[PDB]
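Only one chain is shown below, in structure tokens, and it's the form solved without the RNA.
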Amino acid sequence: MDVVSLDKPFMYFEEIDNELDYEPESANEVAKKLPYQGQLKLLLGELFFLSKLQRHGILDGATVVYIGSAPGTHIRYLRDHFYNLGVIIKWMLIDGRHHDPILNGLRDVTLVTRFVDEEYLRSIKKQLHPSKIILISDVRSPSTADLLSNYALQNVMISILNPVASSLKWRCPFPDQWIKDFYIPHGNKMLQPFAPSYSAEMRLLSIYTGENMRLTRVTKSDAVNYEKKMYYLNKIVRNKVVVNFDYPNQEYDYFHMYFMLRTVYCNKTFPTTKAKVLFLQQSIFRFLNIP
């Protein structure tokens, strides 16, 4: 068995302290071990992001515009969580694909079947006005050309919507498929527990202060680094059994999930953080029908 003792898990990209030469043979390995693992991945990341905004007092009264939301099964859980906590939020879920029927019939959630273009963003901005917007993007076209186009759209989302915070899908193009250097918004590179086994995807979390928008250039050298740090995380770290983690499941992803869940607010008062987390996890797994 692959045992180790860890203090904390890598929460952000920059914390990764090692790297590995990417082995293309990893692409043939089992990408997922849990049913609905993709909804779990998104649920934890967005719960983490949104709880932060609550902590900063910028969630209540906001309209969450989620682009690339369908099917969105896990979004029903997020909505119920903040709804039950007393936070007042409107959700606007936009995707060309259809949403899970569990999202219908809620006055606080608007479902839209539209593929967003810069022009449509303008109309929704004019229509949301004057509400504060929180953007969450998970749009999907992939080639490096598809990616750049997605990233280019995400940047236009921020410029037109002008949100107070944003969570953006972020996976750097692979060095061997480089096309050109580009810019992404500045934010924390949140790592994702339960991401596919060898995924190099993370989420870019940003909070917009002032009227400024800071970007950051991404080059091929950055692409090489992303590939090597993520490959090391996936191949090595995520395959560790954190034995000094007394918890029903000690696998790295549960250890990592624990640190995100410990930041979540609950109505119920618990005697320990461990009890709150077990509760949140049981709750999340039951909702998603994960054994």
Given for the second form:
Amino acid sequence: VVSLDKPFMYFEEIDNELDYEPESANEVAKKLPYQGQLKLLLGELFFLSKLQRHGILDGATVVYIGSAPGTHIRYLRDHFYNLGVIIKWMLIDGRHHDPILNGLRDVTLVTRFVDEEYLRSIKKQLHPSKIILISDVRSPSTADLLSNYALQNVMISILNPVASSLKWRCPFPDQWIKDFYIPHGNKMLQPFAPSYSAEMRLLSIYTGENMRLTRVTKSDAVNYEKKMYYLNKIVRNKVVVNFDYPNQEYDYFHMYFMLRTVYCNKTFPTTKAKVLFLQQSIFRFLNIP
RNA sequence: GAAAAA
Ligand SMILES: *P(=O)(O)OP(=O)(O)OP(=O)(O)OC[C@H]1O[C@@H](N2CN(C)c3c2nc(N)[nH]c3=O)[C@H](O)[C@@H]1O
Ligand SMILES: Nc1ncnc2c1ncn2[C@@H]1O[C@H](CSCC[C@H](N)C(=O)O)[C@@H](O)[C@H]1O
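Show the form deposited with the RNA bound, please, the one above being the form solved without the RNA.
Below is the entire complex, every chain and molecule, led by the chain shown above.
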């Protein structure tokens, strides 16, 4: 057990490190059904609420590349829809999207794997709409990663979004090829990720027609492995005794801090009240008990 | 990276 004031929201805040134990991969990584779908929903709800909070979400077109099956996206769509927000969703991916996204007047399902030219095409057919970028592409070896990151960067250059959420999982230091550059932004830690995932999300709001790239070296690669391992093995594997809530596991503690930033069209007397409600609807919708 | 029942 443990007593915590608040969970580690952004990577930079992970106070300790632990050298990766390869035996870890032999442990079960998914404890509940549709864990990934849940993990995606919370991060997106969270980022998209920071957007709502800034007044960047209404009238925007959310381009989610690498969106299949996207089961959780229908919940996101209904959410802001019921909130009164105007959003236009364009889901592009070569894999088939969940049937519950069909015929939705405000979502565009596009079956196709994205590339440079197709970015110019969607940018074209979208402008002057304010684009919000969400990537989740994954071709997995470092080569694949570096490739996906080369695309994620040009997605920003071509699409020129006003804000973006990228998939960010640094190459393990033992399979390193070379150094690369990534956009600058807040590295958001996500709950309900696989037990020993090193994946976090790079959230960034653009000043306008801007960006900024930062270098990543093998030394950085080692720091990630160290910090992330510690977070997964220790921190996440704990029960927060000072967390007044049915489930007191770290991930739920962390989700309570994510879920409390999201807006709802109904009135709630307390944060825990709203949190209980949102978690309920999400879990029931996703069929997670 | 995602991955109910069957
Ligand atoms: P996601 O983005 O978290 O998932 P992905 O499938 O890309 O990678 P993951 O399962 O984490 O890793 C695949 C294999 O690589 C070794 N791992 C995992 N892991 C967290 C980790 C590994 N190796 C080193 N050096 N350091 C790490 O931090 C295992 O063989 C996994 O099976
Ligand atoms: N160049 C590319 N363009 C678009 N999607 C791509 C891509 N390369 C890989 N992908 C897609 O990226 C996805 C990674 S997993 C995505 C899970 C999805 N976001 C969810 O909500 O369920 C895969 O479905 C893969 O088909």
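Positions refer to the first chain, counted from 1. Residues that one form lacks are left out of the comparison. In this text, the rigid core denotes the largest set of C-alpha atoms whose superposition between the two forms falls within 1.5 Å.
Among the candidates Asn212, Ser221, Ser123, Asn104, the CA atom that moves 2 angstroms or more between the two forms after core superposition belongs to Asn212 alone. Once the rigid core is matched between the two forms, the CA atom of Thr269 is found 1.1 Å away.
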